[PDB]
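*Asks:* Residues per chain, in single letters:
Protein chains: 2
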Amino acid sequence: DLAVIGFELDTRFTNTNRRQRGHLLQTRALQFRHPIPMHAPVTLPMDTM
Amino acid sequence: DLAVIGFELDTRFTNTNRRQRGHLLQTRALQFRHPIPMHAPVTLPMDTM
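Read top to bottom, the protein sequences are chains h and g.
Read left to right, the first sequence gives residues 450 to 498 (the entry's author numbering).
Read left to right, the second sequence gives residues 450 to 498 (the entry's author numbering).
Here chain h stands alone, though its shape is the one from the complex:
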């Protein structure tokens, strides 16, 4: 039964009518926030008078 039965091509369109856009670029931005905590003190307990 040896015979060619089918084929596939690498045919492509010429995108001269701009039918396809392909991938799109969009500008984006991310924002991070880092607030500063307070920390426990150190004390020098000097007596009064």
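Quick caveat, the hints were computed from the structure, so don't treat them as lab data.
The beta-carbon is built from N, C-alpha and C at its ideal position, and this holds for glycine as well.
Keep in mind that the hints are not guaranteed to be accurate.
Said to hold, decoys possible - What follows is a set of in silico ranges between Cβ atoms, one per label pair, in the way DEER data are often shown:
id	chain 1	residue 1	chain 2	residue 2	range
1	g	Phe462	h	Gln480	24 to 34 Å
2	h	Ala478	g	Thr463	29 to 39 Å
3	h	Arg461	g	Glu457	50 to 60 Å
4	h	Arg482	g	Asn464	22 to 32 Å
Given the coordinates of chain h, work out where chain g should sit on it, guided by the hints.
*Replies:* This is chain g only, laid out in the frame that chain h set:
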């Protein structure tokens, strides 16, 4: 039973009322004593003549 049941925070106070004292720094001094002892003599005996 998939659900969130609890949480914990990193919430902290601000010491604007000085409620917390933290660690205390105090001055200390130590004294060591090193008294110098006498040691046994070595003698060169001879006659008085």
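*Asks:* Please go over all the hints and tell whether each is borne out by the structure.
*Replies:* A quick look at each hint next to the structure:
1. In this structure, g/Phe462 and h/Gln480 meet the distance hint of 24 to 34 Å, their C-beta atoms being roughly 28 Å apart.
2. At about 32 Å, the CB distance of h/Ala478 to g/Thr463 agrees with the hint of 29 to 39 Å.
3. Distance hint check: the CB atoms of h/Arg461 and g/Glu457 are about 58 Å apart, consistent with the given range 50 to 60 Å.
4. The hinted range of 22 to 32 Å is satisfied by h/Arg482 and g/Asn464, whose Cβ atoms lie roughly 23 Å apart.
In terms of the numbered hints stated before, the structure departs from none.
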